[PDB]
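Just the one chain here, laid out as structure tokens, in the form deposited without the named molecule.
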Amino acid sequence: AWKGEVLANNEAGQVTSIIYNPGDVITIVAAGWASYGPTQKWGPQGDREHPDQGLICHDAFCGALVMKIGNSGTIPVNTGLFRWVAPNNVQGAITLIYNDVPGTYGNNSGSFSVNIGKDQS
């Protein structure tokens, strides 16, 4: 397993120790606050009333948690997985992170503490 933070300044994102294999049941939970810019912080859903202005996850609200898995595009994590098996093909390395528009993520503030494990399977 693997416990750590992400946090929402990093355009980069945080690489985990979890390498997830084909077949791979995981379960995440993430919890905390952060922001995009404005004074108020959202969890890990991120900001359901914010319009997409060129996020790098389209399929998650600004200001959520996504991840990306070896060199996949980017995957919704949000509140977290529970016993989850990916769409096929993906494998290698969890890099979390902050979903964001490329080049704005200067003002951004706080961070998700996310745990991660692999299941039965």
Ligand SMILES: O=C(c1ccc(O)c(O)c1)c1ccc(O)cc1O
Given for the second form:
There are 2 protein chains.
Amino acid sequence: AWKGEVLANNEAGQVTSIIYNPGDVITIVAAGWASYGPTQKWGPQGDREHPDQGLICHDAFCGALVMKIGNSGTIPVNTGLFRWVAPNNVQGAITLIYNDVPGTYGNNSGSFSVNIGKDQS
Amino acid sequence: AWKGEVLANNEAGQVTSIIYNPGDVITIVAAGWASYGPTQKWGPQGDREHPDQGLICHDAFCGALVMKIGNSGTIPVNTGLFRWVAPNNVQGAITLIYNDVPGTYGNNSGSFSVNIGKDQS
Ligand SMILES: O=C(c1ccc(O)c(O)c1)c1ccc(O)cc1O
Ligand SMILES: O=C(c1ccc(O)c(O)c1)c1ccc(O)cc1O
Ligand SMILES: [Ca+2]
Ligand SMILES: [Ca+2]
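Structure of the form solved in complex with the named molecule (previous: the form deposited without the named molecule):
And the full complex, kicking off with our chain again.
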């Protein structure tokens, strides 16, 4: 399993130790408070009132937790995933990323605490 | 495992399929948007700005997801719990409840989608 912190101001995101392999089933739990700029903070589903002005993930709100698996597009994580299976031909290291507009991460604050495990399969 | 909706206006909470037994390891993932009254909605960690005016759980924010295990007091769930073990004084059915002030649930809206499963032990 993997446990770590994902900083809101980290544009590259955090590469985890989890390699998603064909047939894997995974569980993610995310917690904590972060901001894309305002003094207010939001949880891992982000801010449902903020418009999308070029977010790295168009399927999640600004300030949501998202991920990439290998060279995949962004995949929403939000509060987490329960016994979840990846699309076919999605594989590789899981990177966790805060959902914001590229080049606008500098003013972000806080972080999410994230657990990832492989489930029985 | 169990999956279901926990309504914010359900003062009694939702009894799940899960009987927490001594030594059980469980994972909970909670998602969605709910309100304790305002038109604004919050995730399963609730509203980090709202004072505690007599919440059923003093250890979580107003509008957070909490639970009881059998005849236990409230235990914070928030976004969820990863491979979590209860203290050995707690057993029985898990009831999921929205964190609000007793008698003030009538005006609540929205719900959380929750998954609970037992892990290897
Ligand atoms: O595969 C999914 C996916 C994401 C979250 C879920 O809760 C789920 O059941 C499936 C997916 C969703 C959005 C997206 O842009 C890409 C994805 O692969
Ligand atoms: O474990 C508890 C807990 C709460 C009520 C009980 O009757 C009990 O036997 C145990 C707990 C309480 C507060 C908290 O913030 C986290 C907890 O796990
Ligand atoms: Ca920003
Ligand atoms: Ca209320």
